[PDB]
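The chain below stands alone and is given as structure tokens, in the form solved without this ligand.
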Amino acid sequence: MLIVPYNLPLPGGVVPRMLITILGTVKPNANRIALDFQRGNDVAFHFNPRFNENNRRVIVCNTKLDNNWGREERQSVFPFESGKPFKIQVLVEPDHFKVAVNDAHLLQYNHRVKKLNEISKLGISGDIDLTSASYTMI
């Protein structure tokens, strides 16, 4: 049981083989979820499930640099369901973040921010009950 928005420090940033696991339940009438891997004010990796973008469900991924969003990467696959418990796993790999939801691979996001060891916070926000947020080295 955690308060949202929640900040998970990532000491010394991220590194390949670091696995971040987020457990929570989507609220009933959810509109959005966001994970923001931050390098100071920059957002190295924004992972943003949108439950009603012109009556479609889509996950938007992006990077924010000097307060400007870049070019979005969008996937059709949408494994979240309002009202239901989920698990998000983000595994840092040498070239990308690799995301699985409920043990199924979902997407990869190539590293735009290169200074992995400065991506030192994860913000978790949106329309969820957040149960836990943690990391481990695999």
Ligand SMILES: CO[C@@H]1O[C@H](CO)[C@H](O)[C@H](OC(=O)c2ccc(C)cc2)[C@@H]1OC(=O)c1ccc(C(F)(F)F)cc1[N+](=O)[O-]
The other form holds:
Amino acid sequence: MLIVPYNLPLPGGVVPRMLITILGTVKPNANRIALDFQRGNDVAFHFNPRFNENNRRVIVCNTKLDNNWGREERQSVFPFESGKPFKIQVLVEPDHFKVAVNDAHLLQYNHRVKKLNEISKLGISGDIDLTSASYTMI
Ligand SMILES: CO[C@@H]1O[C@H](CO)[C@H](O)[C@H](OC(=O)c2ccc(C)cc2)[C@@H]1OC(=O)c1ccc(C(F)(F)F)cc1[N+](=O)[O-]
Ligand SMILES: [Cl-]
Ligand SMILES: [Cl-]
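Mind sharing the form deposited with this ligand bound? What's above is the form solved without this ligand.
Below is the whole assembly, all chains and molecules, this chain first.
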């Protein structure tokens, strides 16, 4: 497994038609996962499966600017299961990140950070065994 937390450099940032693929397995009794697409200290796109928020499973998406979290976007569909292998695919489109999990569309997140070519790191953290993280231009 790769060591979590794991930083994947995104050379020259992200661009439409860039597909980021994360393969891992959820640990047993997981509490959280996080993908953080970073523009220096800012978080352009935070994707945060929470396995127990007041006894519900919810995915929280948000942006952090100058250390301030913004308005959360919340999804009720929760495709992750403790102990089970997953594939997350984040496809950069012109207006949004498009996220599929296990080949099923999950959510999109509108670009709040506009300087896509400055989102040059992906942080992968939380309660996973991380198998691989890569990108390809489609
Ligand atoms: C207002 O809460 C905040 O919301 C942000 C998104 O809008 C981030 O997710 C942010 O967390 C981080 O940035 C973060 C967290 C951990 C680490 C290691 C690094 C960075 C923080 O979340 C919690 O703290 C949170 C909110 C709810 C709950 C829940 F209720 F679900 F348990 C748990 C947490 N928990 O971070 O643990
Ligand atoms: Cl590693
Ligand atoms: Cl910007």
